[PDB]
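Asker: One-letter residues, chain by chain:
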Amino acid sequence: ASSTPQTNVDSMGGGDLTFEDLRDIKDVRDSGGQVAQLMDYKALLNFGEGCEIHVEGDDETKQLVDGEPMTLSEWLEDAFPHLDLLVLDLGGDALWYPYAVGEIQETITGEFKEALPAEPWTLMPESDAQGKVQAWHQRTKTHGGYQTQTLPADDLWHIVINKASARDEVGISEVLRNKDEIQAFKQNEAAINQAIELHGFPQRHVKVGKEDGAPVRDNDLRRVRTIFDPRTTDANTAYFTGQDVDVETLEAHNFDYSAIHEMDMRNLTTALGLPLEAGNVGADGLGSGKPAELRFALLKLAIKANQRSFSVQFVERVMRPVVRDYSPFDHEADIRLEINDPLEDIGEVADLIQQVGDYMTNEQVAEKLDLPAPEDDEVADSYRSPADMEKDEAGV
Amino acid sequence: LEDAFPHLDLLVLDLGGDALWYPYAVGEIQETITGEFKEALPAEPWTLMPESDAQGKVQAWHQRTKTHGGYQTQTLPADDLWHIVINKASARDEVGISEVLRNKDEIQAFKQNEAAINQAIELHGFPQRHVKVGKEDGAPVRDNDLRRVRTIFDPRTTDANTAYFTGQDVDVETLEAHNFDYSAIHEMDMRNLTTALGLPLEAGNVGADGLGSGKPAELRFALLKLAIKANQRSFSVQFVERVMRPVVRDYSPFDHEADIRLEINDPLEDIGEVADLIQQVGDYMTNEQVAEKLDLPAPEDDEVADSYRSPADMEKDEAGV
Amino acid sequence: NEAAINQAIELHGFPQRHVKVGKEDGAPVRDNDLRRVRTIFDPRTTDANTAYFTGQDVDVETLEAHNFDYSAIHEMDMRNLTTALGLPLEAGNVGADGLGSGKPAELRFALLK
Amino acid sequence: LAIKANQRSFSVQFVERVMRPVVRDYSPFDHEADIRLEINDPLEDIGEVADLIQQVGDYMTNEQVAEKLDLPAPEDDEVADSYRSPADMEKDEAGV
Amino acid sequence: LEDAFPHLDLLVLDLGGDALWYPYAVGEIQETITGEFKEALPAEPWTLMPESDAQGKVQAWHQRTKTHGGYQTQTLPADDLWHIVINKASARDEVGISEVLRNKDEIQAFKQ
Numbered sequence: 031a032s033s034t035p036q037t038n039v040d041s042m043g044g045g054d055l056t057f058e059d060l061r062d063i064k065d066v067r068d069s070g071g072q073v074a075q076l077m078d079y080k081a082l083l084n085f086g087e088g089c090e091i092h093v094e095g096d097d098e099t100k101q102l103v104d105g106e107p108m109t110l111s112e113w114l115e116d117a118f119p120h121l122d123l124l125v126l127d128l129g130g131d132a133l134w135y136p137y138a139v140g141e142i143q144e145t146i147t148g149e150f151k152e153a154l155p156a157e158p159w160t161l162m163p164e165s166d167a168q169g170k171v172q173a174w175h176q177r178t179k180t181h182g183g184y185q186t187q188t189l190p191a192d193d194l195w196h197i198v199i200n201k202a203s204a205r206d207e208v209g210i211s212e213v214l215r216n217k218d219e220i221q222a223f224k225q226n227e228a229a230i231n232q233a234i235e236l237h238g239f240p241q242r243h244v245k246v247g248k249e250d251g252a253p254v255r256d257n258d259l260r261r262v263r264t265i266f267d268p269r270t271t272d273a274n275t276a277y278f279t280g281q282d283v284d285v286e287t288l289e290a291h292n293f294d295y296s297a298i299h300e301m302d303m304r305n306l307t308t309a310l311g312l313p314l315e316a317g318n319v320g321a322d323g324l325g326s327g328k329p330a331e332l333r334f335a336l337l338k339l340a341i342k343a344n345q346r347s348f349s350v351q352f353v354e355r356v357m358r359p360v361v362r363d364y365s366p367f368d369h370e371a372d373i374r375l376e377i378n379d380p381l382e383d384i385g386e387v388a389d390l391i392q393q394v395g396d397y398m399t400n401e402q403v404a405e406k407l408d409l410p411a412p413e414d415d416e417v418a419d420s421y422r423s424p425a426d427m428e429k430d431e432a433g434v
Numbered sequence: 114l115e116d117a118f119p120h121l122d123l124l125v126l127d128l129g130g131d132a133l134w135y136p137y138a139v140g141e142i143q144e145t146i147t148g149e150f151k152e153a154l155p156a157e158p159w160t161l162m163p164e165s166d167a168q169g170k171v172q173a174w175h176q177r178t179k180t181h182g183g184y185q186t187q188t189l190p191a192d193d194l195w196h197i198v199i200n201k202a203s204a205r206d207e208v209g210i211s212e213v214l215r216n217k218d219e220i221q222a223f224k225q226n227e228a229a230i231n232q233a234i235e236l237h238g239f240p241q242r243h244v245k246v247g248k249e250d251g252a253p254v255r256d257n258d259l260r261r262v263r264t265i266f267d268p269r270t271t272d273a274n275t276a277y278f279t280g281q282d283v284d285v286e287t288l289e290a291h292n293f294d295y296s297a298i299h300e301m302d303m304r305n306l307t308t309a310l311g312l313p314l315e316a317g318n319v320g321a322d323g324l325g326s327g328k329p330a331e332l333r334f335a336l337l338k339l340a341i342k343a344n345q346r347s348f349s350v351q352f353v354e355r356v357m358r359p360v361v362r363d364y365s366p367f368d369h370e371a372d373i374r375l376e377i378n379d380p381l382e383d384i385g386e387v388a389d390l391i392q393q394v395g396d397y398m399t400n401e402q403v404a405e406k407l408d409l410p411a412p413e414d415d416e417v418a419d420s421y422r423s424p425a426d427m428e429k430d431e432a433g434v
Numbered sequence: 226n227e228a229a230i231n232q233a234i235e236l237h238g239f240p241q242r243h244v245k246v247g248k249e250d251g252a253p254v255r256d257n258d259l260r261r262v263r264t265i266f267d268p269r270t271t272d273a274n275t276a277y278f279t280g281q282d283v284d285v286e287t288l289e290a291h292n293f294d295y296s297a298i299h300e301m302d303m304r305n306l307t308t309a310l311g312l313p314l315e316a317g318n319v320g321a322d323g324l325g326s327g328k329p330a331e332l333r334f335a336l337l338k
Numbered sequence: 339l340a341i342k343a344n345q346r347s348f349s350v351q352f353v354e355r356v357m358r359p360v361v362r363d364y365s366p367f368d369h370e371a372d373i374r375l376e377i378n379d380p381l382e383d384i385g386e387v388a389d390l391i392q393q394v395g396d397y398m399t400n401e402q403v404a405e406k407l408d409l410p411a412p413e414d415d416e417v418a419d420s421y422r423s424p425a426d427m428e429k430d431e432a433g434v
Numbered sequence: 114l115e116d117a118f119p120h121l122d123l124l125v126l127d128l129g130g131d132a133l134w135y136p137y138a139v140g141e142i143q144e145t146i147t148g149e150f151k152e153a154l155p156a157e158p159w160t161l162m163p164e165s166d167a168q169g170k171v172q173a174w175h176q177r178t179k180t181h182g183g184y185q186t187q188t189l190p191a192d193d194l195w196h197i198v199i200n201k202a203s204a205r206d207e208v209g210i211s212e213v214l215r216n217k218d219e220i221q222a223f224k225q
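Those protein sequences? They're chains U, V, S, P and A, same order as listed. In terms of the UniProt record's numbering, the first sequence is residues 31 to 45, 54 to 434. Sequential numbering of the second sequence, starting at 114, is according to the UniProt record's numbering. Sequential numbering of the third sequence, starting at 226, is according to the UniProt record's numbering. Sequential numbering of the fourth sequence, starting at 339, is according to the UniProt record's numbering. Sequential numbering of the fifth sequence, starting at 114, is according to the UniProt record's numbering.
It is possible that some hints are incorrect.
If you want the footprint, here are the derived chain U segments under chain V, 3+ residues with CB under 8 Å [as the list claims (entries may be wrong)]:
id	region
1	192-200
2	255-264
Pairwise CB distance ranges (calculated) [claimed, not checked]:
id	chain 1	residue 1	chain 2	residue 2	range
3	P	383	U	173	29 to 37 Å
4	P	430	V	411	34 to 42 Å
5	U	90	V	190	19 to 27 Å
6	U	410	V	374	30 to 38 Å
7	P	354	V	309	53 to 61 Å
8	S	272	A	168	41 to 49 Å
9	A	222	U	147	53 to 61 Å
10	V	286	S	288	12 to 20 Å
Hint data in this document are derived by calculation from the structure and do not stem from the laboratory. Note that the Cβ used here is the ideal one computed from N, Cα and C, for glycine as well.
Just need the whole structure built from these sequences, with the hints factored in.
Answerer: Next up, the structure:
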């Protein structure tokens with residue numbers, strides 16, 4: 031076949055999105071309220087439950103790093119001690135913005151210090167007709183003014199969850215994918231807020247004079263306004279009049295703002311791919327059985343797809359480079375990074391261990407139970423429980 | 114093959130997604146600089162259209178794309194390319210149909226109805242105040258008068274506890290919200306679009322009465338599993354025959370005419386069902402058959418894998434020897 | 226019936242506003258006058274909190290949505306179509322009491338098997 | 339999910355920004371040690387932990403049980419490291 | 114460490130609470146009369162504000178406070194104080210986000 035591309039990728043030289059569009063996403067993020075909380079929930083589902091680093095057959099990597107042995111997983115944990123939080127930041131940013139982007143930072147000697155995400159709204163990629171990023175272009179405020187620079191696609195690294203196609207390197211923001219729905223939610227919120235002020239509360243209409251009677255003017259109404267004043271009226275106030283004065287009622291002109299709010303929240307959540315429950319909106323029947331379990335399946339599928347999408351790119355463009363550039367270990371090794379299921383139940387696992395432990399090794403039990411495996415090979419690899427091995431050892 | 118495709122889950126999701134969205138998924142075979150295999154790289158399907166012979170088989174691929182604000186166009190032979198279809202028109206077809214084009218009117222109707230409700234809620238979902246000025250069969254009222262009334266009654270400066278004082282010849286009426294069953298319109302829209310796309314209505318964040326219990330529930334989930342299994346098996350055969358086999362042929366020291374097997378996981382698999390089945394009938398499954406169903410590696414010793422009784426049971430007995 | 230429901234929802238599912246101008250047994254109002262009225266009361270430029278001010282001889286009526294049971298029409302269409310195809314009612318996204326349990330439920334599965 | 343993310347976000351900061359600097363500048367001990375600062379979860383139920391200990395204790399060490407049960411580990415290393423209950427060890431010893 | 118922080122629950126609750134109310138929580142290091150460590154002590158969070166450079170890093174802490182009906186003002190280096198941030202604009206963010214300021218309009222609307 032061939033060692034280079036032969037089909038084109040429908041873009042070069044931009045238009054796509056600008057620093058202004060990036061700053062729109064940022065302005066959504068810091069605006070707070072329900073819209074921000076929904077995307078923060080979207081982040082907390084995908085990335086809030088944390089992660090673990092693994093390497094396949096890691097006992098084969100065992101090497102003296104500085105006169106004492108380590109595995110590659112131990113070395114990677116020294117490179118990424120607090121990885122859950124780096125995953126939460128990058129993953130969150132990659133849900134807000136089309137991409138996440140960062141530097142690698144070094145000690146004064148040149149050995150690795152940390153991985154460091156950059157501020158995503160400040161940075162935009164520039165790319166070729168082949169389909170690849172060639173440079174990173176940055177615009178930033180300072181002293182209330184502005185400054186601009188460009189950096190190569192060489193010492194920076196970047197990640198893209200929401201690709202336009204499998205071959206893409208820029209992606210699309212789920213915010214910009216649903217811009218109209220987001221604005222419509224906020225507009226309908228503003229509508230309900232003002233409509234409650236105007237129509238949610240009864241109001242008092244004092245009418246003065248008789249039908250076809252004597253005229254009433256402003257200096258007359260000013261005196262009447264002073265008598266029936268809502269500023270100084272109280273719960274037990276009573277009124278005494280001639281027949282030619284009426285205290286009429288503007289009733290609260292009832293409307294189902296609740297159902298409108300639910301409709302808005304349903305439209306926004308389904309558009310953002312989120313469960314309706316994250317908008318705190320209820321429904322009958324749908325809370326139980328296969329009707330429920332299907333939505334939980336759809337939710338878990340989306341999460342697993344995102345998690346695996348992130349992990350592969352983080353391994354391939356962050357972890358492997360960090361090994362390549364700073365490590366005594368092989369950088370082409372079978373590195374792994376799992377991100378946890380946010381809707382896993384320990385009870386389900388504990389039931390499974392009782393039901394089918396007779397067919398799972400103690401290491402397979404420990405792994406499912408989220409614990410380290412035993413310190414002895416047959417104790418880990420066997421299917422008889424370690425308690426069963428101990429009670430027999432005490433008596434045989 | 115695991116060295117050839119380390120991240121196959123993501124490629125299967127992308128290609129399967131493309132083959133549901135578009136009529137086909139389509140791609141190149143890509144190599145390292147040394148010439149050994151790299152990946153089966155897909156190409157952006159909206160940019161590519163097929164050209165075919167008198168027997169209907171695709172012999173070339175035609176591409177049209179934007180660059181630098183302008184355009185470029187090209188044609189390539191199908192000889193070093195590959196393509197996959199989920200939704201064929203017939204058993205003789207090779208190009209297929211997109212469900213987006215098949216149900217185009219339903220999709221447009223859904224979008225129109227959402228826009229219609231969105232507008233109708235603004236116009237009819239909120240009450241609106243109508244101040245009427247003057248007396249019936251009385252003196253006239255002109256714009257410069259209404260401007261002065263509007264200045265007092267301005268909703269921009271009104272509050273929840275505001276009170277109004279008038280002579281008898283001003284009425285502060287309201288257009289009450291002319292309520293309509295938009296909820297049922299939403300349910301109908303979702304019913305229409307989900308069933309057009311073959312999904313159960315429950316997937317669209319909309320309910321159904323009575324249908325939430327017994328085998329009257331299970332039938333929809335069964336129909337969904339049927340569609341999924343059919344689609345998955347349809348994809349696997351094509352990926353094996355038109356991607357995996359050519360890759361083994363050109364880059365592997367093995368024979369490509371051996372039977373490669375590719376399976377895709379089921380979203381409606383139940384771990385509790387598997388666990389109960391293992392408890393109830395494990396006495397009739399090999400340890401490898403248990404492992405394959407339980408999502409595990411088989412035992413590392415041949416007779417331990419091949420045997421029917423539990424490995425733990427064989428171990429707890431052997432401890433007595 | 227699908228085409229009928231589609232148009233009937235547009236025509237009768239949504240309320241529609243009717244501005245009436247002039248007084249009963251009063252002066253007439255012409256198209257060039259109504260063009261000026263329309264320009265004010267335009268739903269294109271109206272919002273949820275818009276308020277209206279008039280003399281006594283302008284009215285804003287609404288055609289209320291004339292509720293009809295299109296859901297039940299859909300249920301009958303679906304009952305007809307499913308039975309015509311020989312399918313059970315549940316295949317059409319419709320269900321009922323009495324049929325939803327026990328031997329009444331078993332019979333549909335028996336017929337389908 | 340929000341609580342667990344916040345708690346880990348805090349623990350990491352308090353260890354790195356306060357504890358390790360204090361050890362570095364004022365302690366005879368090494369500051370680069372693995373401080374496991376943890377914050378308790380008010381939405382966890384001890385009833386779930388009690389069920390779990392019954393259900394899968396045969397596959398957990400006594401130290402792991404002690405961690406989950408929110409108590410100190412046994413004072414003898416093999417008793418802490420082993421998987422079967424210390425009460426089973428005690429009843430067997432009285433039997434012997 | 115247990116001798117250094119006997120009552121750590123209270124300090125964790127205070128710092129955590131403050132870092133949810135305000136953009137950050139912040140404190141001093143203190144010594145005994147002899148000069149060995151005494152405690153790490155949290156400061157009045159509304160009274161201190163950071164000042165920062167082009168690489169986004171805090172370089173000084175600025176304090177303004179009431180006494181005797183008047184005001185006192187002082188500035189300190191970003192060195193002997195220590196600070197913690199729960200909510201952030203980016204991984205680089207040293208200044209942080211207050212959920213009170215993030216939802217200021219919703220809070221006022223509720224009270225109204």
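Asker: CB of residue 354(P) to CB of residue 309(V), is that within 53 to 61 Å?
Answerer: At 55 Å between Cβs, range holds.
Asker: Lying within 53 to 61 Å: is that true of the beta-carbon distance residue 222(A) to residue 147(U)?
Answerer: Taking Cβ atoms as reference, residue 222(A) and residue 147(U) lie about 55 Å apart, which means the hint holds.
Asker: Would you check chain V against the region 255-264 of chain U, counting CB to CB pairs closer than 8 Å, and say if three or more residues qualify?
Answerer: Holds: 3 residues of the region 255-264 of chain U have a Cβ under 8 Å from chain V.
Asker: For the hint 41 to 49 Å, verify it against the beta carbon of residue 272(S) and that of residue 168(A).
Answerer: Given about 47 Å between the Cβ atoms, the range holds.
Asker: CB of residue 383(P) to CB of residue 173(U), is that within 29 to 37 Å?
Answerer: Given range 29 to 37 Å: violated, Cβ gap about 54 Å.
Asker: Against the range 12 to 20 Å, how does the distance between the Cβ atoms of residue 286(V) and residue 288(S) compare: consistent or not?
Answerer: holds (18 Å)
Asker: If you check the beta carbons of residue 90(U) and residue 190(V), does the distance land in 19 to 27 Å?
Answerer: violated (47 Å)
Asker: With a Cβ-Cβ cutoff of 8 Å, does the region 192-200 of chain U contain at least three residues near chain V?
Answerer: It is violated, with 0 qualifying residues against the three required.
Asker: CB of residue 430(P) to CB of residue 411(V), is that within 34 to 42 Å?
Answerer: holds (36 Å)
Asker: A range of 30 to 38 Å was offered for this pair. Does it hold for the Cβ distance of residue 410(U) and residue 374(V)?
Answerer: holds (34 Å)
When held up to the earlier numbered hints, the structure conflicts with 1, 3, 5 and fits the remainder.
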